[PDB]
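Enquirer: Here is what each chain is made of, one letter per residue.
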Amino acid sequence: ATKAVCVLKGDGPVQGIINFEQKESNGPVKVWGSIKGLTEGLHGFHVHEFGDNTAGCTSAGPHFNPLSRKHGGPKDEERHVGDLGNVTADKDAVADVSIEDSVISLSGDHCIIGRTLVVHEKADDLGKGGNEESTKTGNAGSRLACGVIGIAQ
Amino acid sequence: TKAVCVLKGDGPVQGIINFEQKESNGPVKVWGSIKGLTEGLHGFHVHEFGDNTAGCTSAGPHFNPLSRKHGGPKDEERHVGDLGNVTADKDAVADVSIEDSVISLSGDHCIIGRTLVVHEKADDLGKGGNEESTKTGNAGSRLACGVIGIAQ
Ligand SMILES: *[Se]c1ccccc1C(=O)Nc1ccccc1
Ligand SMILES: *[Se]c1ccccc1C(=O)Nc1ccccc1
Ligand SMILES: [Zn+2]
Ligand SMILES: [Zn+2]
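The listed protein sequences derive, respectively, from chains A and F. With the deposited numbering applied, the first sequence corresponds to residues 1 to 153, in that order. With the deposited numbering applied, the second sequence corresponds to residues 2 to 153, in that order.
Do not take every clue at face value.
Result set (DSSO-like, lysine-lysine): computed pairs, CA atoms no more than 30 Å apart in a straight line [stated by the list, open to error]:
| hint | chain 1 | residue 1 | chain 2 | residue 2 |
| --- | --- | --- | --- | --- |
| 1 | A | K30 | F | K9 |
| 2 | F | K3 | A | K136 |
| 3 | A | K3 | F | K23 |
| 4 | A | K75 | A | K9 |
| 5 | F | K70 | F | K3 |
| 6 | F | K30 | F | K70 |
| 7 | F | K3 | A | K70 |
| 8 | A | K30 | F | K3 |
| 9 | F | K70 | A | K3 |
| 10 | F | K3 | A | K9 |
| 11 | A | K9 | F | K70 |
| 12 | A | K36 | F | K9 |
| 13 | A | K9 | F | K9 |
| 14 | A | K3 | F | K128 |
| 15 | A | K3 | F | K3 |
| 16 | A | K122 | F | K9 |
| 17 | A | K23 | F | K75 |
| 18 | F | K136 | A | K3 |
Okay, the calculated beta carbon distance ranges per label pair [unchecked claim]:
| hint | chain 1 | residue 1 | chain 2 | residue 2 | range |
| --- | --- | --- | --- | --- | --- |
| 19 | A | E77 | F | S25 | 30 to 38 Å |
| 20 | F | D96 | A | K91 | 46 to 54 Å |
| 21 | A | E133 | F | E121 | 43 to 51 Å |
| 22 | F | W32 | A | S102 | 37 to 45 Å |
No lab work stands behind these hints, which were simulated from the structure alone. Beta carbons: idealized from backbone N, C-alpha and C, even for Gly.
Make a model of the complete structure from these sequences and hints.
Expert: So this is what it looks like as structure tokens:
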């Protein structure tokens, strides 16, 4: 198995720990952990292209999109590799994250190690929104917290 | 290929370190700045895990894919992660300028997704007079660290 990990940090504190595990290179990636300090509701949850936090989460650039597709939800064929949809915070300000994804990888061209995981201000409309930005960012708004995805023990 | 690392920790130490590799079989240029350091040498290493779960301790040992002993960057007998020391002046600033032929941004020596750490004390480059010299270089605690990420 390959394992990766990401510490999310941002103002609030929006603070999170996200684990990734992939049993085989041809297999799905399990994504799990917790994020605290979130407003109740949906928050867009993406892998961004650069593992660059030089000037904060903005330095990470756009959604990780190695196949040059449009933005979508994780269940869509038409999606960025980085498109992991939304995490949900309850009134406790905590998102318990539990995702399985077949498009991200911890090996190959779709590998997310060394990239940036970001949790966003607003809901990702999964590219079903009523404007042009829907097909690029999903209108998930500002970057609340982020971290670089690293190799784990 | 380009990579970058933001060094942060619990205390005054913070830095930005850039990596550039023109060809996969070529050296990696390492440059940037670290502030908040005491005057003198500070061990400067790539550690095995890009894991900052509980701060710099979670990064584990020096990145050592070839199972060698600790050394300096100009030694054959070194960990891949062994980048020696950075030097802070009385200004508390280390200006970093390294070229290294053993680290890579491609292949089995790749350091992307691992942790860069700047240490409390000098790395003795494995020439110290104790057992720990051949493992850690006696560079002491981890002042600041970050995960090495892919850059634009
Ligand atoms: Se995984 C991983 C993590 C960081 C940087 C590169 C990779 C990787 O697997 N790279 C690679 C292999 C094959 C094709 C493109 C990229
Ligand atoms: Se580079 C890098 C950084 C972290 C993890 C993996 C790699 C990498 O490119 N490894 C590798 C992948 C594919 C082919 C050769 C080597
Ligand atoms: Zn997207
Ligand atoms: Zn070492």
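Enquirer: Taking the hints in turn, state whether each one holds.
Expert: Quick rundown of the hints versus the structure:
{"no.": "1", "hint": "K30(A) / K9(F)", "in the structure": "holds, 28 Å"}
{"no.": "2", "hint": "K3(F) / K136(A)", "in the structure": "holds, 25 Å"}
{"no.": "3", "hint": "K3(A) / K23(F)", "in the structure": "holds, 29 Å"}
{"no.": "4", "hint": "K75(A) / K9(A)", "in the structure": "holds, 27 Å"}
{"no.": "5", "hint": "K70(F) / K3(F)", "in the structure": "holds, 28 Å"}
{"no.": "6", "hint": "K30(F) / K70(F)", "in the structure": "holds, 23 Å"}
{"no.": "7", "hint": "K3(F) / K70(A)", "in the structure": "holds, 26 Å"}
{"no.": "8", "hint": "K30(A) / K3(F)", "in the structure": "holds, 28 Å"}
{"no.": "9", "hint": "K70(F) / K3(A)", "in the structure": "holds, 26 Å"}
{"no.": "10", "hint": "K3(F) / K9(A)", "in the structure": "holds, 23 Å"}
{"no.": "11", "hint": "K9(A) / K70(F)", "in the structure": "violated, 35 Å"}
{"no.": "12", "hint": "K36(A) / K9(F)", "in the structure": "holds, 21 Å"}
{"no.": "13", "hint": "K9(A) / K9(F)", "in the structure": "holds, 12 Å"}
{"no.": "14", "hint": "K3(A) / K128(F)", "in the structure": "violated, 35 Å"}
{"no.": "15", "hint": "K3(A) / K3(F)", "in the structure": "holds, 23 Å"}
{"no.": "16", "hint": "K122(A) / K9(F)", "in the structure": "holds, 28 Å"}
{"no.": "17", "hint": "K23(A) / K75(F)", "in the structure": "violated, 38 Å"}
{"no.": "18", "hint": "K136(F) / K3(A)", "in the structure": "holds, 25 Å"}
{"no.": "19", "hint": "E77(A) / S25(F): 30 to 38 Å", "in the structure": "holds, 33 Å"}
{"no.": "20", "hint": "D96(F) / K91(A): 46 to 54 Å", "in the structure": "holds, 49 Å"}
{"no.": "21", "hint": "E133(A) / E121(F): 43 to 51 Å", "in the structure": "holds, 47 Å"}
{"no.": "22", "hint": "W32(F) / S102(A): 37 to 45 Å", "in the structure": "holds, 39 Å"}
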